[PDB]
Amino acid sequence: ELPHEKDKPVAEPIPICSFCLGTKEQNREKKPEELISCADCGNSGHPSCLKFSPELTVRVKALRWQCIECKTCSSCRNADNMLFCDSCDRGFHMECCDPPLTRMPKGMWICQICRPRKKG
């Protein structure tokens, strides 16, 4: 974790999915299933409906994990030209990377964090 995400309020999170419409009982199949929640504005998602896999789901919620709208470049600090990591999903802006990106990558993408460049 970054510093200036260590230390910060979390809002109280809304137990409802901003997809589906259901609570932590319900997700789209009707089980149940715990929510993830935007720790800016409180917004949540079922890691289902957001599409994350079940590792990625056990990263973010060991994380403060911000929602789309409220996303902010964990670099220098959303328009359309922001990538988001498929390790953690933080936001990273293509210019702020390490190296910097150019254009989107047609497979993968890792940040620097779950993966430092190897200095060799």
Contents of the next structure:
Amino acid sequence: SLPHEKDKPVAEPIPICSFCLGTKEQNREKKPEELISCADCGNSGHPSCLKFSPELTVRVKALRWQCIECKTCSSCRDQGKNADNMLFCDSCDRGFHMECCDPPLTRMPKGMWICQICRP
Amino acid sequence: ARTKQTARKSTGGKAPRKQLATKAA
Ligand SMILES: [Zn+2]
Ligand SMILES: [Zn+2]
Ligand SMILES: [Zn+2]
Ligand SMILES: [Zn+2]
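After the form solved without its partner chain, can we look at the form solved in complex with its partner chain?
Let's see the whole complex now, leading with the same chain.
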């Protein structure tokens, strides 16, 4: 929904789960499950292999979702030296550097964390 | 909270790339 998300083209999806090597026809429980695919690299995974809740799955499927390694901070659009400590929203899975949150964070939030776009 | 680092660990490792290639072939 962000302007810079409506604007970056989407890479061709790979129709194989990077984690279990199944397709949309077979996840780890040998049942069909649609894949989610990274908009930048095209790699895909079952939501069940990504450990996404059903609610989070619905939301990321409607967004320009990025995999763990491709994730860029939604504020500064960078990864940078602090990329490994980038927070992932538990509602939309967007990434934010702690220093790029509104308000900026000095310490890691405890428990489930929802980003500045998602909180009412 | 979830970070890139902790998500990498909690999710579990990806399958071997060579096996992902023999699948896609
Ligand atoms: Zn899978
Ligand atoms: Zn990616
Ligand atoms: Zn940032
Ligand atoms: Zn969010």
